[PDB]
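After the C-alpha cells below, expect a handful of questions from me.
Left out: one protein chain. Kept in place: all the others.
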Amino acid sequence: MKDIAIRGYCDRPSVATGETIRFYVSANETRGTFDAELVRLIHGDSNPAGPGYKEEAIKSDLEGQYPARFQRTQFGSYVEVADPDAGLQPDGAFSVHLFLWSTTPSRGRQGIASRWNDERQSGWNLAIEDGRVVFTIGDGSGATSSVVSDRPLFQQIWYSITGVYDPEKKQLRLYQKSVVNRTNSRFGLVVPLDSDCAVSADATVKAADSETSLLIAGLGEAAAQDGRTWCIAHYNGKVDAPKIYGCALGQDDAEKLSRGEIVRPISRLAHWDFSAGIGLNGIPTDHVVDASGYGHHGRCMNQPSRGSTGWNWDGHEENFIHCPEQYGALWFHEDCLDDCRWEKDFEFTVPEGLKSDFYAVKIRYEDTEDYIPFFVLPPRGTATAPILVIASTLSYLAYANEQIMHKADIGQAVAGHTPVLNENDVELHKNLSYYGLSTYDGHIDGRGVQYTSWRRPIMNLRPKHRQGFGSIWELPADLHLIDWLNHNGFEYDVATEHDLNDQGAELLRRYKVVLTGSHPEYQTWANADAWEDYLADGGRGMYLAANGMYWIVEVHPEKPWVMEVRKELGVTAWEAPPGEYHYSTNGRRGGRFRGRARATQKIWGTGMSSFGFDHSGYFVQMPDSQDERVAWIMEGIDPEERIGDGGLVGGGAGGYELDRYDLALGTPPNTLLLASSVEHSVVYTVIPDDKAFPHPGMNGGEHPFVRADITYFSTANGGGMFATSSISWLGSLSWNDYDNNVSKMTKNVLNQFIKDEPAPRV
Amino acid sequence: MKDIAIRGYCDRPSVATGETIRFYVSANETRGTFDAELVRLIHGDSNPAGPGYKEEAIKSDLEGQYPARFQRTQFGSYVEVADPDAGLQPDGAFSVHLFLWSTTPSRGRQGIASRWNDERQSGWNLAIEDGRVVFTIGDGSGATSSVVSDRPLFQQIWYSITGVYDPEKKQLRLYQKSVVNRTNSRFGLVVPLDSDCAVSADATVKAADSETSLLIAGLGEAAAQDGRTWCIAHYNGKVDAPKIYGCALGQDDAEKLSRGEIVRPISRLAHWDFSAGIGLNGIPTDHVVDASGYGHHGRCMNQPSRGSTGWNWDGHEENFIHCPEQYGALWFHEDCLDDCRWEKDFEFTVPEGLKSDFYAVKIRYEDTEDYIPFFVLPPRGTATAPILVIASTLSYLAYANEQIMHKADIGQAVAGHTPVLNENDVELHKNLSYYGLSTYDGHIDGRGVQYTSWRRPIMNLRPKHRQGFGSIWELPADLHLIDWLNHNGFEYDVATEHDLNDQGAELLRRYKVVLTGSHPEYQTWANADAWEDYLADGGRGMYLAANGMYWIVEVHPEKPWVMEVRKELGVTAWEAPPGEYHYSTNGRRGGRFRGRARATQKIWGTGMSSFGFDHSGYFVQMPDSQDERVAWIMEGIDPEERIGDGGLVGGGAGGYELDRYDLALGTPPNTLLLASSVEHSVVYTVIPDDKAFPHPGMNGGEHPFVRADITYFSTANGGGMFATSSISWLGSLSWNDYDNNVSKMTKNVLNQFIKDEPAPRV
Amino acid sequence: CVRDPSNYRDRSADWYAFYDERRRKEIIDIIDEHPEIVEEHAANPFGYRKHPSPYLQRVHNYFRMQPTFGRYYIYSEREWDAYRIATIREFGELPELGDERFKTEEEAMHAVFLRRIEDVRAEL
Partner (left out) sequence: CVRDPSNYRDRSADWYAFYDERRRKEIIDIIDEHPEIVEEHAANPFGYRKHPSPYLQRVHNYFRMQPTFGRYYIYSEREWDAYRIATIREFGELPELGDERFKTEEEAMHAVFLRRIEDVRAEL
C-alpha cells in the first residue's frame, strides 16, 4: 500500500519577518536526497464538488536538495540525573528506596530506577520483570546477581520498596510493603491484602560503573555517547520520593521508611523530592531538586505529569499548590513526547516582501510528498491589512495525531457513519513512536494525554488530509476561509493563537475586523481576556465557528511549544483522576471555560449546544431577520429562502457542532437572533453540560437545545460581533461556485465591518 | 378535597433510653383539642398485593388531649442585628453602603437592609420596589420621604449602592454604580452597560426609632414584641459588605467605596464583614462579625449560603477558605427554612423497657390523621440484638418535602409514566411557607436548595405516603425490611445515620451484622470511614440497596438538625455555581464520593450504574452462582429460576436504580458475581459519570452498563459483605406471601451472618 | 448603550414557538400514520414486560418533557379506589380536578394520554 517515507516539523508555528524558522526532516533510511520548496496554501479540500486543491509556488532562498537521513526519537517519560563522576555508583554498600504505583505491572520488562548499562550488563537497576520487582547488580562480564520478590505487584496499588546491596555479607536484599490507605489506591482498606515480603539472595558479582546517567522510570540502553543516555525499558505509573543511601539498611529502617520518615539524613547520597518547587504558580519547570544537599539535580524528559497524587494523599486538599507534601509524585507514561530532539536539516529567514498568509514547505522525496505548514506574521508592531485571521494553533495541537477511530470504541458511534481513513492514519497506527498521541487519546494506562507539542510531525495538519468524522477538520477547514478571502478582493493578515497569547489585545487593536478559524475549541485565559478587551472598546469580530472557547489551555512557560489541557465531565474524551484537576504550568483549576464563569456566550454571543457528525442542516430565518436594524446582513437574501442547504462539510451549513443563544450563560441583552438550524438527526445530542437527569429523547429534533443560532450584537465605541455558530459554515462558502446565501451573508457582514463608519447599533 | 389540618415534627430524629424528645404540633386555626398516642411502625405499603398497613399501639405516658393551636413560621433568610439601644438609628446624618446582586429584581417589594417598622412607617430602609432601588425614611406619622433611582436594576449584576440622608440640606441622596468585571456577573465587560445614577430628593420628615432590629435582606413587620422581629419583604440575591456611617457622604466618597476602599474608618457606626470567621474549617457558625469595633454582631437566620462569591471575585481561586477576601457574600433566598421555631406541645422520655425500633406519634385531629416518626436507640454503650438496621436519615432529609413533579419540567420524563400524587403533594404545593423545600428542588432564583433540616414537618416521611416515581420511596420502603424482619424470628436494633456520624465504628462493632435501608443515597465522610473500619476488621454487612454512597454530606456543627449538600454534574437535579463547590460547614470539596476517590465499589462492592422509574426487572444467574464457595447463598434456589420476577416496588427485584461490578472503581479482587438483571426499558439510562461522549443508545438493553449485580466478597478476620444492588429488592420480599427467591436468598445470607463461625472465604 | 432592562427580552422564545409548532405537527402526523400505538398504550401503559414501540416512545418523549404550568397528573381521592386527572396551577392554588373517576391507575394513565392527544389536536 501507499507508504509514507518522509516526515518533518518546525521549531515554531509562527514567524515574523527577519526571524528564522528551522525544519527537521526524517526519512525511513539514510539514502538519496529530497527536494524542498516553499508554497502558499490557498485551498485544501479536494472534493470534486468544490474548487479542488490550490497552491502557489514562491521563489525563495530555501529550495534545493538535502541529504535524506533517519533520525531517531526518544519516546516516553523519565527523569534523567546526569552523573559524570560516578557518584551514584557507590564502591561499597548502598540502598535504594522509593514508593511505587504500577499501572501495567504485567507489560514486559520495565525499569523503575537505574544506573544501568544494558548492552553490557553493568551497574545496578530496580525493575519490574515478569510481574515481580527485581533488584539486579552487574559488573560487565554478563554474569549478574538478582533478587526477585515473592509477592507479585497488584495494579495501581502503592508499594514501598527498598533494595539493599550488602558486600559485608555478600547479600542482596529486597523489602516490599504496601501502603494503601482510604484514598490513594485502586481498592481500599477492606480487602485482606497480603503483599509484603522480605527476601534475600547471594551477591556473586560486584556492581561496576555503567558510564550512563541515573534514570527514573527507565533503563539505560548503552554507554553514554555524546553526553546522551538512551532510555529503553519504560515504566508506566507513579514514582514518589526516591533516594540512595551510602550504607546498608535493615528491616527496621525499611519499616520506618515505609511510614514516610527520612532515616539517617547523613547517609543520603541523593534524595529527589519531586514536589520541591511547587509555589503558588504551580511548578512550571523540569528541574528536579536533590533535597539531600549534593547538587545531583535531575531533569524531567518528555514531560511527565508534574503535580500528581502521592502515596500519602488523603482527600482533604485537592489543589496541589496548597498541600504540596501530598502531591509529590510523577506519572511517567511510556508514550509521552514533547520534542523529537532531531537535528536540523535547513532553515529559512523570512524576506522583507513576503505577504502574511499560510505557508508550507513541500518536501519532494521518492514517491512521497510531505508538507510542513507554518505561518508568516506581519512585521513586529505593524499591520499590513484591515482583516486579521486567527489561526487556531492550540486546537491544532489538541487534535495533533488524533487516533480516535483506531483506539476509541465509541469512535464510530459519535460520528453517524463508518469512518474513512487515509494512509496517514495507518502510518500513525503502525509507527506510533515517531508521532505521539493526541489529547483526545488515552495513554496505554488509560489516562488521557494532557500535554501536546508542536515539535513532532503532525500528520493531520497537512492540507491534503481528510478526517474520520467526515470531510476535513482543522487546517484545511481553515483553508476554506482562506480560499474564500482570496477569491474575493479582501486583503488580510494571519496571526496564530500562540501569537495572541504572547501579544494580548495589542495585536487585535491594529485591525478593523478579526476573523476566527473553523474550530477554535481551545483557548488560553489570556486569549479570552484579549478578545474581551478588544470587543469592549470599539472592536469588530466574526465568530464563523462553533465550540469556540470550550477548554482552558496554558502554554508551558519554559517550553512555548508544549501545551497542557486537563479535562473533566463535559464534551470530553477523558476525565482527570480525582485530585489532579489543577494545571502544572500555573497552579490554577482551568477545566472548561463554562465552569469558571466565562462561558462562550459571555464574549461571542453563542456557545456550545450540541454535536453530531453524520450530515449537516440548514438555517431557517427567525422573525428578527426582517427587522430593519439588521437589513444590512440580509441584503440580497429573499425572506423565504433556506440558508446553506448544501455544502462541502457534511452537506449543509448548520452542522457538525452547534452553538445557541442563552442569556443565562452570558449572552448580551441586545443580541438579535437572525436564524436557526433545523433537520438534525438522532445522532446529534444534548451536551452533558446542560443535563440534570438524562431522560430519553435528548436528541436532534426531539429537544430544543439541539440547534444552531446566527446572532449579532453591537458593543460600545462602534464595535460589534457576529456569530454563525456552526463548524460547517465555512464549508458552504464555495458552494454553487460561490453563489449561495452563505457567501452573500458573510460578504455583507465583512463589507460592513471594514468601513470607517461605526458598526450599526443593534 | 381532603384537606390536611394538623402538622408537626420532632426536635431530633433519634433518642436513646432516659433522654427526652419534644413534639411541636400545629393546626390550621386555634380551636378544639387533638388526641395523641404512640405506635410502633411495622409496615407502610398499603398495596392490596401485599400485607397492607401494620402497626402496634403502645401504652405509654404520652397519650392524652392537647390544645390545638396555629403556630406561625418565619420563612426565608436574613441577617438579624439586635439593637435595643437604638444605636443604628442615628439622630443626625447617616449613610448606608452595600454591594448588591439581585436575582429577582422585578418580583414585588424586596427589602435589602433596614431598621424599619412597617405597621407604622417609621425608621429607614433601602429596598427594591417596582424594579428600582428606593431609599426611604419615615417618622411614624405615615408620611415618608423617598428617593428613587433612575436606572432599573439588571438581573444578577453587581451594583454598589450608597444611600445618604443629610439633614443639613434636608436632602436624601442615592448613588448607584455597577461593578461588573470579567467573572462576577451574568454578562461580561462586552456589553455597553450604562446603569449608574446619582439622584437626590427632598427630605420632609425625619427618621424616627422603629423599635425593631436592623435586618439584612428583609423589612421588619411590626414592633419587636417579646424580643423578636418578624421579617416580611424578603430579598433574593447576594449582599456583600454592608456598612452604616454616622456622617453624610459625597459622590467622591461613594466613588471610593465602589472600588472596595473603606473610607473614613472613624465614622463607621457598624461594618459587617460576612467573610470574617473563615478559617481552614470553613465557616460553621451563624455569627456575623461587626468589623468596625462596636459589638453590633449579627446572626444568620434560616441559613443563608455562607461562603459565596462576592463582587470582587475573579476566578483565580475557587476555594473560599484560601481566598476569603473575595468570598464575602451571602445569598438569602426567600424560601429557606432550617427551623420552624414553634412552641413545644408535649414531650416524651423513653422508658426503661421500650424496644429499639421504628416509632411514630399518631396525632388524631378532627378528620385528619398525622404521624410524627422518630427512632428509639438502645441504651448508651449497649446492644440488645445481633442485627443493626441503619435508618437512612440523611437521605430522608435530602428528599424532605420533595416537589419534583410540580416544579421540574423533566419530572415526568425521568419516571416512565404520568405521576400519581396524594393530598400531601397538593398541600405542599399550596402551603409552601409551612414546609420548605427539598434538595432536589430549586429556589425561586434557580439555584438548588443546599441546606435541609429536620425541624419542620416533613410530609413524605409518614408511612402512609406514596411517591410520584411509582410506589413508595424512603421510610415506607424501609418498613418493607422492618416487616420482613418481624415476620421471621430475627431480633434487631435500629440506629440512624446521625447516630453513626456521632459514634463512628464503635456503634457498628457491637453487632454481628449491620443491614442498610432501601436507599442510603447520602452519607457523610465519617460514615464512610466508620463502614470501612467496620468491614476491615471482621465485620459483616448487607447492602440491600442501590446508589448507596453517592453524595457527600456534612451535618452542621452548631445545628445537628441542619444538613448541607452541594451538587455537581452527575446524577443530579442541579449544579452549584462556579466558584461555590466547597462546603460551609467544613471547608472541603465534598461533591460526589466517586470524584474524591471513594467510589461505592471501594467499600460495598458495587456502585451506581443506572436509574429509571417505569417498572423493574428480574435477575438471571451468572456462572458464579453454581460455584461451591457460595452454595450457602443459593441453597433452596433452583439453578434455572428467575429471581424476583414480581414485587411491590415496580414489579420486580432489579429496578428503579441499579449498581454494577467495577474493579476500576475499587471493587475488591475476590468479589463473586452471582446474578444480573435484565429486561430494562429505554427509560433506564447510563449515568453521566460513565460517559465520555453521549452517542445514541445509552439505554436499557442497548448498553452494557445498564444492569444490576448481586455480589459477595469476604474481608479479613472472618468478615464479609453482600450486596444486591437494587432499590426494589426489599419491595420483593413479601411477594407471594413471603414464598419467593428474594426472601430465601436474603434469609440464607442473614442466617449465615449471625452465626459465631466466620463468614465463608472467597 | 444598554440602560433599561425592559427594552430587552429572551429572544430564544421565538425559536421555542417555531420549534413547538413543528413538533406538534410531527406528533399528530405520527399518531395518524400509526393508529395502533393508542391501543398499545391502552393495553399496557407502563410497558411492563412488553416495551413500547418506537413511535409510541417518540410520542411519549414529546409529552413527558413539557413545562409544568398546565401539565396533567393523577390525583388520588382514595388510593386503589378512585383516581382523577388534575391540572397544575400556580403556587398557593389547588389543582383543577377533572370529572371522571377511575378504578385503577392504568385507566387514569391512558385517559391522560388520550386527553393530551385531544389537546394537541385542538391547537391545530
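Here the chain labels run A, B and C in written order, and each chain numbers its own residues starting at 1.
One rule holds in what follows: a contact is a pair of C-beta atoms (placed from the backbone, for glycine too) under 8 Å apart; a residue touches a chain by one contact, two chains touch by 3 or more.
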Going by the contact rule already stated, which one of A:17, A:28, A:33 or A:46 would touch the omitted chain in the full complex? A:46
Check each of A:28, A:422 or A:503 against the chain that is not shown and name the one that touches it. A:422
From the listed residues A:69, A:120, A:151 or A:362, report the one that touches the chain absent from this view. A:151
Out of A:223, A:432 or A:526, which touches the unshown chain? A:432
Provide the residue numbers of chain B that touch the chain removed from this figure. 620, 622-624, 660-663, 668-673, 676, 678, 695-697, 701-704, 707, 709, 716
Listed in rising order, the chain A residues that touch the chain left out are 1-2, 46-48, 105, 131, 151-155, 191-195, 405-413, 416-423, 426, 429-432, 466, 614-615, 651, 679, 681-682, 701
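Note that in this section only the chains that are shown with their structure count from here on.
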Chain-centre distance (mean CA atoms) for chain B and chain C, in whole Å, is 30
Averaged-CA centre spacing for the pair chain C and chain A, given as whole angstrom: 47
What positions in chain B touch 2 or more of the other chains? 154, 191-192, 408, 410, 413, 682
Would you pick out the residues of chain C that each touch at least 2 other chains? 1-2, 5, 57, 61, 64-65
